[PDB]
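Asks: Each chain, written out:
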Amino acid sequence: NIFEXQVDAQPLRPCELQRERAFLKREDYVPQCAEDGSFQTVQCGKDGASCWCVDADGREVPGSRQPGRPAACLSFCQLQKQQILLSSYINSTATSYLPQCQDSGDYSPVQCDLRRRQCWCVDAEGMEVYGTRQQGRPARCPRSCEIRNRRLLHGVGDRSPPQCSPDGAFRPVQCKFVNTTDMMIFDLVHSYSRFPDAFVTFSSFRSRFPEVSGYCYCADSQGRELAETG
Amino acid sequence: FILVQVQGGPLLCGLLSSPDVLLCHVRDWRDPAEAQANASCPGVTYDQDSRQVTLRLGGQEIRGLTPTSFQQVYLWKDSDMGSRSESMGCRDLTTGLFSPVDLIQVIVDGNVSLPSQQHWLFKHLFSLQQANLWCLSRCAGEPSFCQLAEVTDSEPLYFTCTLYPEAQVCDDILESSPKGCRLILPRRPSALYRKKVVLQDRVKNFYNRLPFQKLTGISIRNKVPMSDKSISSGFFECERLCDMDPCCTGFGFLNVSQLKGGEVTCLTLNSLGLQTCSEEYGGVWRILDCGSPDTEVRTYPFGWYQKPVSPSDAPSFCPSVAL
Amino acid sequence: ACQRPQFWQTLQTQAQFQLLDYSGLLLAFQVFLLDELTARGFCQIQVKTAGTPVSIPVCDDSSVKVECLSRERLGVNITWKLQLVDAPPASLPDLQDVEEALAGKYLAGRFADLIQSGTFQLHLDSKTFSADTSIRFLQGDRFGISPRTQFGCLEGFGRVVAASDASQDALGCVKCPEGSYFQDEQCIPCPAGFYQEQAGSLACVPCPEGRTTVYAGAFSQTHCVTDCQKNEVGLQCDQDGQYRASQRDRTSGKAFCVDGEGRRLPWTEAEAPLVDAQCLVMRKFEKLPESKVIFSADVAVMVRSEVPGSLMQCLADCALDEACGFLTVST
Ligand SMILES: *[C@@H]1O[C@H](CO)[C@@H](O[C@@H]2O[C@H](CO)[C@@H](O[C@@H]3O[C@H](CO)[C@@H](O)[C@H](O)[C@@H]3O)[C@H](O)[C@H]2NC(C)=O)[C@H](O)[C@H]1NC(C)=O
Ligand SMILES: *[C@@H]1O[C@H](CO)[C@@H](O[C@@H]2O[C@H](CO)[C@@H](O)[C@H](O)[C@H]2NC(C)=O)[C@H](O)[C@H]1NC(C)=O
Ligand SMILES: *[C@@H]1O[C@H](CO)[C@@H](O[C@@H]2O[C@H](CO)[C@@H](O)[C@H](O)[C@H]2NC(C)=O)[C@H](O)[C@H]1NC(C)=O
Ligand SMILES: *[C@@H]1O[C@H](CO)[C@@H](O)[C@H](O)[C@H]1NC(C)=O
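Residue numbers (the numbering used here), protein chains in the order written: chain A, 1 to 230; chain B, 1 to 323; chain C, 1 to 331.
Hints were generated in silico from the structure; no laboratory data involved.
A virtual CB, placed ideally from N, CA and C, is assigned to each residue, including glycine.
Careful: at least some of the hints might be erroneous.
[Stated by the list, open to error] Facing chain B, from chain A, some residues (calculated, C-beta under 10 Å): (1) 129; (2) 136; (3) 138; (4) 153; (5) 193.
[Stated by the list, open to error] Sample of chain B residues with no beta-carbon within 10 Å of chain A, all distances over it, derived: (6) 24; (7) 62; (8) 91; (9) 96; (10) 124; (11) 133; (12) 137; (13) 169; (14) 191; (15) 222; (16) 285; (17) 291; (18) 318.
All chains, please: the whole structure from these sequences, using the hints.
Replies: So, in structure tokens, the structure goes:
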């Protein structure tokens, strides 16, 4: 479970919103969500008597409902390929892009148009990472923690850069600073750039920022704070 | 008169009377991949569309009967064009995008390599007001090539409207101001107008920070001070300035004059030169250039940034740069 | 041509089953069937290693081919191609171990049971396409009841050993050389006017528009040649591969000038050597046959310039007159 410190709007994905609303209304079907917040491709029912497959939006794929767990469900990358191809047959469209899926079923990190002319990087949900479209395969697709850090420099979110692993993923332990006076997140990106000498020791840090305390927590794969670990 | 010989086809011989704008010059950067539908400059088009090559010269389109090679116009220089009796049986929202350039900043070296697109607007129907508006409107219609538009009236029959890409040339000194940057144009322009840079909302490239801290033999395109901004805002602007330059291969976001306290600076580059002094290597044994104390390029988010590596090269009009 | 042979690089098995309208685009069903095969794990080999199991991909976009045989019964071809560079040498030591992993209980035996059962159906907009219980295996033009493997080469490598006698010779793959491109298991020489410089390529780079190649199988940029350089009649050429304006005959020292094309202009053949600069001016004139000339009264330019010490010189005077339209020369 995730619950961030300062944010007013929690970064909950649609499955996690529909799961919480259903558990509250004591419905007999409560959506099952993956660790990253996506719908699991197999959705069970009350006691698992009936189970079906779903698409990326949680909509049941017709003909899949079954007593017992379905033997195989198409991934969201593969289910998008079907809807594009049927669309052209149903509604004439000269396709320019068909998703490329890894053999595990997830989206390939690099996605190319059918002319192999333009390519871009997608996230784990098939969504284009902005600024990655170019001619030919991108040499190195940025990872989630690196993307979060760049968007922070463009004015998105708070001013505390998350700590990244060498591969570009989030480190499991995330640490930020809190200004205890106004109870706000300490502006780390600007303070570090203007006062790099204040970060040599904790003696020099608390001399310059005497009201600032540390706040660390466990983060999930998307960098979101796990509930009640701060 | 116009003379046209499509390759191994019929030969056209058009006569001209009171033309308004001669438009395509043999030495003009033409867009390598430009749709023939969008009034492509060379009139010939649709070669064998249905085995017929249409010619849209003048204002009149030849049917297309053609089974290119030579195409020229000729002009009677000492013409009576402007002073001719009519009985002889003859026949503002864009000016705000530009800003005049102080002609003094221009250096005139006739030998410079600068691609251009020339036009002749004839004076018998063009006033200097209209010529300045025709020239500016045409520059704003070529958003991939034209950064500068100059107008000249040093000729008796026509105004000259030549469009340039960015003409600024800088030295490789890491400094916050553009004082070693000059405009080099082949001729003195009567009026020189620069399209105002407009920053898009989003960045178009995901720039990669170089691991190297020292660059040798760089080529700078522009120097912009950023000390009146937050570090986050300055980085965001530096990214979008290199986005707007088709010849930019990367930028530097750094403190210069660090011995006097440092000044936040954006340097757009069209060549990164020799990249040395990586933080990952040279730990026990360093031989290359390192340790420049008047520059701060280490602290996040300072650094040298590269536009993502693509096998598609820069536009052909971009200046050639070599170590 | 002569290159180093290499070992067989790929292994291949093919099976056929039937899916139970026409005159339509079936290539959609090729993607749909591959997705269903991928979903149930028939496009990977899983090797029971000690710790982490490696996965060998055995499919591509060409793996599934469908043909329409009769109404309500489609014909499906499935082809598993293993690249030997992906087979882990620690888990599958011998090439026999690789064959049995591709044609045994983990890939092909596990797929024959699924088809023979009756539990393979494809979900397509609430419609169901269940598969017939019959499955057949290619065995070298004779569809048998047991899978046989077939050796092959990688993308850029041409076959030099026939498929049948792959059991006899192990070196069956050669990389396409510098003069060549790859298509369809063969290495084909760059055609005339095209050149390739790097081996194992898929196409031939065309020569620059002003140049071509004298023969096929060109293997460098310099092999693209102009019309002058190819010329064999002895005409000398300047740099940049353009015809030298001034020429001298092979048999005699007699000197003549040629046009932009190699056409040898007559009436410029003179005993005195002509410098190229002398031919440039004469190249800009044309000599009129008598049929185009009329002898009658007209007016002559009165130029009284320093009289020479000369047709070559006389033409040059007209070449800078800007009023001279033409001239005549006496004997
Ligand atoms: C890059 O250059 C900028 C601008 O020169 C540097 O920012 C400046 O940093 C200094 C010291 O870190 C700030 O000076 C003052 O320091 C006293 C301590 O005696 C302190 O009491 C003041 O509140 C103030 O911080 C100066 O304000 C600051 N200027 C701006 C515009 O932020 C920056 O440090 C340089 N970056 C690096 C990595 O060297
Ligand atoms: C922590 O937050 C407090 C706000 O309560 C900051 O103190 C304020 O600083 C501004 C200047 O930016 C002054 O105008 C206010 O009067 C201050 N308020 C109080 C109550 O003193 C403080 O600067 C913050 N600390 C850091 C390190 O950011
Ligand atoms: C499915 O596979 C079979 C067997 O490889 C193909 O049948 C062969 O087709 C080729 C080309 O038409 C012939 O030269 C062979 O003689 C055929 N062999 C047999 C045993 O019939 C068939 O064409 C494939 N179908 C598709 C759609 O690719
Ligand atoms: C530029 O080149 C021209 C001719 O090539 C020459 O006349 C002129 O002197 C040159 N300019 C210099 C050398 O500054």
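Asks: Hints first: check each against the structure and report whether it holds.
Replies: Cross-check of the supplied hints:
Nearest Cβ of chain B to the Cβ of residue 129 (chain A): about 7 Å, under the 10 Å cut. The hint holds. Checking residue 136 (chain A) against chain B by beta carbon gives a least distance of about 5 Å; that is within 10 Å, so the hint holds. This hint holds: residue 138 (chain A) has a C-beta 6 Å from the nearest C-beta of chain B, less than the 10 Å allowed. Satisfaction of the interface hint for residue 153 (chain A) is found here, the shortest Cβ-Cβ separation to chain B being roughly 5 Å, below the 10 Å cut-off.
With its C-beta approaching chain B no nearer than about 5 Å, residue 193 (chain A) sits inside the 10 Å limit, and its interface hint holds. Distance check on residue 24 (chain B): its Cβ is at least 28 Å (rounded) from any Cβ of chain A, clearing the 10 Å threshold; non-interface status holds. With a minimum CB-CB distance of about 33 Å to chain A, residue 62 (chain B) clears the 10 Å threshold, and the non-interface call stands. Non-interface status of residue 91 (chain B) relative to chain A is upheld: no Cβ of that chain comes within 10 Å, the nearest being about 46 Å off.
With a closest Cβ-Cβ approach of about 28 Å to chain A, residue 96 (chain B) is found to remain outside the 10 Å limit, as its non-interface label requires. Every beta carbon of chain A lies more than 10 Å from that of residue 124 (chain B), the smallest distance being close to 47 Å; the non-interface claim holds. Every CB of chain A is more than 10 Å from the CB of residue 133 (chain B) (nearest about 36 Å), matching its label as outside the interface. With 10 Å as the threshold on Cβ separation, the claim that residue 137 (chain B) sits away from chain A holds: the shortest Cβ distance comes to roughly 31 Å.
Remark: the non-interface label on residue 169 (chain B) is consistent with the geometry, its nearest Cβ contact in chain A lying 28 Å away (cut-off 10 Å). With a least CB separation of 38 Å from chain A, residue 191 (chain B) remains clear of the 10 Å interface cut-off, as annotated. Interface exclusion of residue 222 (chain B) from chain A stands, the closest Cβ pair being 20 Å apart, more than 10 Å. At roughly 23 Å, the least C-beta separation between residue 285 (chain B) and chain A is larger than 10 Å, which holds for a residue marked as non-interface.
Every CB of chain A lies more than 10 Å from the CB of residue 291 (chain B), the least distance being 17 Å, so the non-interface label holds. No Cβ of chain A comes within 10 Å of the Cβ of residue 318 (chain B); the nearest lies about 16 Å off, and the non-interface call holds.
Comparing the model with each earlier hint shows no violations; every hint is respected.
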